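K.L.:
The lines below spell out each chain.
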Amino acid sequence: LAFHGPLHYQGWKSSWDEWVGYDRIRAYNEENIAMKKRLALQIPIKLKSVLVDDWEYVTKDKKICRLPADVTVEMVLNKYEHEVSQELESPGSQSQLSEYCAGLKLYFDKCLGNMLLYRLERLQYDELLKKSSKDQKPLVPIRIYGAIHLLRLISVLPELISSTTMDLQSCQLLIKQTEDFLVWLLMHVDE
Amino acid sequence: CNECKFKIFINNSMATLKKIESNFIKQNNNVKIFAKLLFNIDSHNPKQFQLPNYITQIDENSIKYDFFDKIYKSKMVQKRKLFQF
Amino acid sequence: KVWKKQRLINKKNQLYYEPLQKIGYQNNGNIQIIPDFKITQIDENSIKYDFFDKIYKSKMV
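Protein chains in written order, with my numbering: chain A, 42 to 232; chain B, 163 to 247; chain C, 38 to 98.
It should be emphasised that the hints constitute simulated quantities derived from the structure, not laboratory data. We put the CB at the ideal spot given by N, CA and C, even for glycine. Please note that the accuracy of each hint is not assured.
Cut-off 25 Å, straight-line C-alpha distance, at most; resulting in silico cross-link-like pairs (DSS-like, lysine-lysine) [said to hold, decoys possible]: (1) C:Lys59 - B:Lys181; (2) C:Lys41 - C:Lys75; (3) A:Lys217 - B:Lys198; (4) C:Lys91 - B:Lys232.
Here are a few chain C residues that face chain B, going by a calculated C-beta distance under 10 Å [said to hold, decoys possible]: (5) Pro56; (6) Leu57; (7) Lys59; (8) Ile60; (9) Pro72; (10) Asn82; (11) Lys85; (12) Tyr86; (13) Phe89; (14) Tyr93.
Not close to chain B: a few residues of chain C, all C-beta gaps over 10 Å, as computed [as the list claims (entries may be wrong)]: (15) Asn50; (16) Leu52; (17) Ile68; (18) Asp73; (19) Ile84; (20) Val98.
The following block holds chain A by itself, in its conformation from the complex:
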């Protein structure tokens, strides 16, 4: 059990000690001093006509016609902490809502350009990125994107969730909160 090559440097005099703090790698005595110097899952079906409705509605209509869209994700994400965080969740910590909401905002801040787009929607993003580059400001997709694509976003997470090497009860909790949002949007059909 030594941070350096296993054998204080054993087998040496006392005037060689050093106890500084740096990176520590064992590597089996550097492969035994280089051989002694070289010998010397899917979302449940509850109210899912919406996906087949907007699947054919993006071929020619792209589900949005106004560039400064009045629908924003900030307000519908703020209502989560004021409506069902104090109602459905058990008493305790609101981490399972607030942490996921912050992660969702950070994911939406960079999800554009890597899938989740259609050809005319790609042209829409291209035109907004040229029109937003005239003042060298960062592109915030919160004020100019609707909440319609949030359902397709949370539907396109699950098959890439298992694409990385990570544990299963994480998937269980992820689909648990996915069930929570679909329960939330069961009655909120106007949004």
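Since the structure of chain A is provided, determine the placement of chains B and C on it from the hints.
P.N.:
For chains B and C alone, kept in the frame of chain A given last:
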């Protein structure tokens, strides 16, 4: 391309065994559920829409303030549950 | 249930670390504090958060 940049940056000869995302969590805040999929966002090329036929100092202060806010919210929900009970 | 610990593992490849989730991991103990036999890099915030969550869960009973 993003895959080209990933191949020319890491996949060629540098940090193949060492995980770049290992020290990612030391500077990122308010992201805990998914961190592994954020690293390999350039290793996969994008694609068009398809559908299957089946269908730490300042971070410590920030999380301390978040914990204080959640404690006050827990007290408020305790008041709410004793009111509704 | 007995839970007779796991009596530690040497510094070879058998000792595997993967920190992913801090709330509700249900890792049955066997943790260590940082600033197969699965162990998590738990810290003060995660232990204190899950302890508070459990005691707020159990106070109905």
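K.L.:
Each hint needs a verdict: does it hold in this structure or not?
P.N.:
Now the hints, each set against the structure:
no.: 1; hint: C:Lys59 - B:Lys181; in the structure: 21 Å, holds
no.: 2; hint: C:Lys41 - C:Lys75; in the structure: 15 Å, holds
no.: 3; hint: A:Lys217 - B:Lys198; in the structure: 20 Å, holds
no.: 4; hint: C:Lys91 - B:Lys232; in the structure: 15 Å, holds
no.: 5; hint: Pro56; in the structure: 7 Å, holds
no.: 6; hint: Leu57; in the structure: 7 Å, holds
no.: 7; hint: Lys59; in the structure: 6 Å, holds
no.: 8; hint: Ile60; in the structure: 8 Å, holds
no.: 9; hint: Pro72; in the structure: 8 Å, holds
no.: 10; hint: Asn82; in the structure: 6 Å, holds
no.: 11; hint: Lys85; in the structure: 8 Å, holds
no.: 12; hint: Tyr86; in the structure: 7 Å, holds
no.: 13; hint: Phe89; in the structure: 8 Å, holds
no.: 14; hint: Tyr93; in the structure: 7 Å, holds
no.: 15; hint: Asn50; in the structure: 12 Å, holds
no.: 16; hint: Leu52; in the structure: 15 Å, holds
no.: 17; hint: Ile68; in the structure: 16 Å, holds
no.: 18; hint: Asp73; in the structure: 18 Å, holds
no.: 19; hint: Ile84; in the structure: 13 Å, holds
no.: 20; hint: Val98; in the structure: 14 Å, holds
When each numbered hint is compared with the structure, no violation occurs for any of them.
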